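J.: The residues making up each chain are set out below.
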Amino acid sequence: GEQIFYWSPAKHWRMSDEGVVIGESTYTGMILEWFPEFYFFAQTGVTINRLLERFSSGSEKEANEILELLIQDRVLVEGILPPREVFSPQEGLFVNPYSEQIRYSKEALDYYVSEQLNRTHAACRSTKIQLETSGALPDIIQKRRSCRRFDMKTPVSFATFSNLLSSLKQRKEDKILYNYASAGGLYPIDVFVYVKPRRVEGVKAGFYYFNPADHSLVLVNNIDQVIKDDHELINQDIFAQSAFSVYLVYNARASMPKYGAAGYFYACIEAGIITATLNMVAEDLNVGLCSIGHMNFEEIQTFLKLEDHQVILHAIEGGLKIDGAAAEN
Amino acid sequence: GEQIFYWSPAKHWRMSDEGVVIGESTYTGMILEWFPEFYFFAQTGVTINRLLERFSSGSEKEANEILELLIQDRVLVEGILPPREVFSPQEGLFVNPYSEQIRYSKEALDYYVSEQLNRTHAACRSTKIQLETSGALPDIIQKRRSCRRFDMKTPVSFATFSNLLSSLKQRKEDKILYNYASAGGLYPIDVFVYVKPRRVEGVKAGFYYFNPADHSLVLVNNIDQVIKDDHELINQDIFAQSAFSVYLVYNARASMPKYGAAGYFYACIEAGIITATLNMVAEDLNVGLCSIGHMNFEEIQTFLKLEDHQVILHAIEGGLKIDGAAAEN
Amino acid sequence: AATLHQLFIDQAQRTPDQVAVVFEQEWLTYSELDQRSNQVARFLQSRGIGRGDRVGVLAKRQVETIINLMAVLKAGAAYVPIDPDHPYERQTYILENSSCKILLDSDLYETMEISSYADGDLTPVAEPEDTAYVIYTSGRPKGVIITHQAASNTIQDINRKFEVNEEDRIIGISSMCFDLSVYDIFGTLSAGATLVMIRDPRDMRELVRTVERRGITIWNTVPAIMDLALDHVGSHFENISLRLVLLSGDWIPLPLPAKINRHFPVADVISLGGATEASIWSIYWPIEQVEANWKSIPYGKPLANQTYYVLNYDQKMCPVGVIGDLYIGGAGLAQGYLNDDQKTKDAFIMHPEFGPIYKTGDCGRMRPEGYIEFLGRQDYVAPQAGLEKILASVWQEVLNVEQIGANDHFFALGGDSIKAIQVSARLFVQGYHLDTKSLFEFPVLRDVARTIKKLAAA
Ligand SMILES: *P(=O)(O)OCC(C)(C)[C@@H](O)C(=O)NCCC(=O)NCCS[C@@H](CS(=O)(=O)NC[C@H]1O[C@@H](n2cnc3c(N)ncnc32)[C@H](O)[C@@H]1O)[C@@H](N)CS
Ligand SMILES: Cc1cc2nc3c(=O)[nH]c(=O)nc-3n(C[C@H](O)[C@H](O)[C@H](O)COP(=O)(O)O)c2cc1C
Ligand SMILES: Cc1cc2nc3c(=O)[nH]c(=O)nc-3n(C[C@H](O)[C@H](O)[C@H](O)COP(=O)(O)O)c2cc1C
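Protein chains in written order, with our numbering: chain D, 95 to 423; chain S, 95 to 423; chain F, 347 to 804.
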């Protein structure tokens with residue numbers, strides 16, 4: 095009945111004269127005597143109570159303060175890590191040959207980009223095969239663009255919204271089938287949608303879980319809502335205009351029992367497969383989409399009532415494309 | 095001029111009575127005195143020579159043996175980790191409620207799958223909106239299947255092969271554009287192809303780097319070749335029949351200077367975007383494709399002469415679809 | 347309108363899947379609240395709790411408190427709310443003075459395994475003439491006996507005059523030891539609306555975020571809460587979810603409707619107040635825009651089923667106005683004070699030409715425009731840093747002083763709760779956007795300065 099916490103794989107450590115270095119912070123007080131044994135103990139999975147019995151030796155108020163902070167600072171966690179924590183140690187392994195001003199200066203970035211778009215692999219030989227551009231590509235692939243401004247008046251028709259979301263549904267035909275691929279055919283991505291008021295015909299505002307087996311939306315949360323402060327500054331106008339928000343969620347229980355940790359990796363790939371699949375059906379239906387890399391997923395995860403085995407990988411904003419005005423409603 | 099090695103983020107540790115536990119192995123000998131300070135020293139990046147000067151104190155042959163083994167066992171690494179090492183610590187965080195026999199028994203798996211395909215999110219309310227299947231989906235999306243047997247006689251026409259690979263090329267139009275999305279428009283995935291002899295009109299066997307700016311293949315390696323023992327048993331007949339192999343490679347230098355570690359995550363998503371985009375152009379051209387999750391990427395990475403900042407994320411086998419026989423050539 | 351718990355049961359059958367009450371991460375639907383209140387009501391009856399009894403409840407900001415309250419009413423007994431932050435000696439006084447049998451806290455449904463009791467309907471016990479709750483005021487404190495018939499009349503007319511329905515969402519700011527909360531709990535439920543509970547009522551910044559995050563539509567507080575909250579609000583803020591503002595308690599400042607109209611341009615703000623000694627409310631007067639500005643805001647007309655009088659020394663109506671004492675009558679009147687006959691005989695009296703009346707003690711006059719105006723009631727060293735000086739200056743203007751020691755407790759100058767928020771509000775406005783609470787937990791002037799400045803905006 096007690097919660098079991100594990101040491102986060104994303105956190106690396108060191109002992110110090112100052113105190114216990116964990117991540118980018120130095121800690122002081124009781125935690126100095128508990129350590130380093132506490133590190134060893136914590137990878138195995140331990141409760142708050144067991145930790146207190148083993149380390150308290152004194153004020154249980156003094157012991158609870160350090161335990162409360164290690165959980166808050168995400169050194170002790172209750173379930174699978176979100177992607178951003180998974181990849182965080184990689185910064186210490188990548189040697190950056192450019193200046194930081196690429197991120198702070200539009201002029202430094204515009205140059206870094208043009209250099210990366212004309213890059214080649216260094217181990218290339220002096221032979222070439224010029225192919226042929228003569229081919230024709232489907233317009234749904236070649237004309238897809240990221241839409242960051244939407245028609246905020248015309249509601250998405252119930253037929254249009256149903257068609258877009260039918261790209262993700264099941265198909266019974268001697269065996270369950272989707273319209274997109276999935277490592278091992280396990281399809282461990284839960285699909286959620288947030289709909290804004292009056293922006294999708296037939297769908298009241300709120301968070302819904304899309305059940306691909308029924309082809310139905312099932313309400314999760316109509317009380318809370320997504321706001322602009324949940325989004326990065328550069329994306330707040332994208333969200334403001336959009337009719338709905340898609341959230342791609344990895345269900346570890348639908349994957350990891352078979353493929354282990356690689357199933358989490360496969361679901362990140364599958365998220366892109368879903369994203370790209372979506373953006374084509376959208377172009378067929380004159381719906382625009384734009385992928386969102388980061389946003390306050392800690393809040394969205396809470397709104398959707400996700401369990402310990404679910405983490406949000408990706409978000410997409412969507413809506414009808416501009417072409418004509420309408421009566422303001 | 096010396097190589098700098100870092101402690102692998104994928105490796106966690108503990109001190110022991112037996113010796114130094116690193117990963118799933120216990121180590122003995124000199125390494126016991128060097129530790130734990132060696133751990134602290136190694137996250138910062140250290141050479142073999144500097145390590146010897148600091149820890150040798152004795153037989154430089156005895157010091158080199160332990161250093162050679164920590165590099166071999168991937169505790170000390172020279173560059174970014176491949177996806178499989180990135181995600182490996184996640185096994186200790188996922189509590190599996192099923193039995194291991196899902197992986198060993200076709201009957202246990204067939205049941206686990208059907209349970210995961212009829213799953214729902216647990217926090218669902220008792221409201222429902224039945225949508226509409228009445229829509230029509232493009233055949234290129236709805237009819238794509240994973241093709242694991244190919245026409246091994248009819249060569250892929252040079253026009254067909256050029257059209258498939260034109261999905262990944264650049265488009266100059268006031269600004270460089272692709273036919274697929276990329277976080278920050280940085281497009282950090284290098285695309286490589288291995289072509290089998292006589293299976294693609296106009297393309298001699300060998301490893302090529304696809305340059306999207308020229309729309310050209312540039313040879314990397316015609317000496318080596320991919321063989322069936324480089325593939326998992328369940329995939330060897332897929333590879334045997336295929337005309338070519340696609341390899342999706344993350345170029346950290348084209349991404350991480352801007353987005354940090356999240357750019358590695360974004361490239362995994364982008365790999366799926368590319369994979370899915372490819373599998374549709376293929377269906378338009380009656381080419382079949384099948385994604386490959388794992389394979390001996392350590393060898394392929396070596397054949398392609400990848401640098402420290404490049405790792406292989408994904409592989410795809412491709413070829414013409416069966417429909418009619420031909421003269422054996 | 348029968349009883350309070352019967353209005354909830356009837357509506358819970360209409361919209362069983364509608365959210366009944368939300369706190370933070372777990373909330374109860376109308377069917378869930380009905381099932382768990384039935385289970386606890388049966389548990390109370392197993393302890394001999396029935397008609398005529400009184401049950402003490404702790405007013406913690408948790409959804410379990412809503413279950414206990416509804417379960418006490420379903421058992422036929424009245425509930426007496428107890429403030430958990432009150433000292434033990436004051437909590438004990440009310441419990442013994444009210445003759446309560448037991449005290450219900452949040453440790454009950456899980457502690458007593460009440461999930462095993464029956465969750466079905468219970469054949470009714472309480473009648474509209476029965477006592478629904480006794481609430482103590484003026485802490486020494488005196489309890490007010492409100493019946494079910496009385497509490498339902500106030501609630502039924504608010505919801506029907508303002509069309510409260512399922513789409514409404516009420517923010518639960520007022521503590522349950524104050525009679526205002528009864529509308530936030532029972533008035534919300536009788537219309538199928540949702541109640542959002544607030545963890546800390548003096549966290550003005552959280553109150554603002556809660557209104558925007560959860561689409562709050564109804565605001566029902568003392569006007570002091572709205573005026574203090576809008577002083578933690580930027581000049582470019584605007585919300586369109588709030589549609590009804592019910593203000594009552596203490597005076598109603600003139601600059602406040604200007605703030606309410608500019609930040610909530612769609613909110614129908616209503617100036618009211620009805621004395622706890624009656625059903626909570628008794629007067630109804632919407633801000634009818636503003637075509638009149640002088641020095642005071644008028645009270646209004648009787649809400650419904652209630653009457654108002656400006657009486658002289660022989661209990662006769664003052665002509666064409668005439669400032670005098672204020673009396674009320676009607677279905678909202680309480681039964682009396684619990685176990686105090688002297689105060690009951692003086693406050694609740696019989697009118698020579700009309701039904702019973704209650705003496706509010708307030709003074710006022712009937713304007714020729716038909717509304718009654720409220721005319722009052724009772725007749726008879728040096729800082730060590732630039733930041734410390736700025737913080738002292740705010741203490742100086744709010745508490746009206748000159749120079750203070752940094753170690754002078756914030757209330758050495760008489761500082762209370764309302765002035766504590768006023769201090770941090772002015773600190774918030776000038777660019778110290780941090781902890782606007784923590785004014786009594788940190789006596790030192792500097793300790794507050796280290797807590798309010800730095801970081802701030804972003
Ligand atoms: P700190 O931690 O202590 O800070 C928090 C505090 C307690 C300061 C603050 O958060 C707070 O007050 N919180 C409690 C919530 C709340 O609103 N409590 C007030 C009780 S509501 C109840 C009061 S009453 O009207 O019955 N009082 C009766 C009496 O008041 C006079 N009166 C009220 N409104 C009037 C108007 N508009 N005009 C003239 N007089 C008014 C009358 O004399 C009346 O008889 C209300 N809601 C029920 S009526
Ligand atoms: C993972 C991901 C995240 C993105 N996030 C944003 C974003 O936050 N804001 C934005 O304006 N565009 C965003 N984009 C859009 C692309 O970075 C880029 O602008 C464009 O999609 C490249 O091709 P396109 O312009 O044809 O769409 C994102 C794309 C991807 C793949
Ligand atoms: C990342 C990934 C790896 C896959 N690896 C294999 C594989 O090794 N062998 C195989 O037969 N199919 C493989 N597949 C195919 C799918 O797991 C699955 O069989 C099929 O694609 C599901 O839809 P489809 O049958 O319509 O293609 C892979 C798919 C993905 C997405």
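Because the hints were derived from the structure by calculation, they are not lab data. The beta-carbon is built from N, C-alpha and C at its ideal position, and this holds for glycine as well. Mixed in with the good hints there might be a few duds.
To be verified - Listed below are several chain D residues computed to face chain F (Cβ distance under 8 angstroms; list not exhaustive):
1) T120
2) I160
3) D318
4) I321
Stated by the list, open to error - Here are the simulated DSBU-like pairs of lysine-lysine, each with C-alpha atoms no more than 30 angstroms apart in a straight line:
5) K662(F) x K322(D)
6) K689(F) x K662(F)
7) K200(S) x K415(D)
8) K783(F) x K155(D)
J.: Taking the hints in turn, state whether each one holds.
T.: Now the hints, each set against the structure:
The criterion of a C-beta within 8 angstroms of any C-beta in chain F is not met by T120(D), whose closest approach is roughly 20 angstroms, and the hint is violated. Because the smallest distance between the Cβ of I160(D) and any Cβ of chain F comes to about 21 angstroms, over 8 angstroms, the interface hint for this residue is violated. The interface hint given for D318(D) is met, as the beta carbon of that residue sits about 6 angstroms from the closest beta carbon of chain F, less than 8 angstroms. Among the interface hints, the one on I321(D) holds; its C-beta lies about 7 angstroms from the nearest C-beta in chain F, closer than the 8 angstroms criterion.
Distance restraint check for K662(F) and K322(D): the Cα-Cα separation of roughly 60 angstroms exceeds the 30 angstroms cut-off, and the hinted pair is therefore not satisfied. Distance check on the hinted pair: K689(F) and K662(F) sit about 22 angstroms apart at the alpha-carbon level, within 30 angstroms; holds. Annotation: proposed proximity of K200(S) to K415(D) is violated, straight-line Cα distance about 47 angstroms (limit 30 angstroms). Simply put, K783(F) and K155(D) have alpha-carbon atoms about 23 angstroms apart, close enough for the 30 angstroms limit, and the pair holds.
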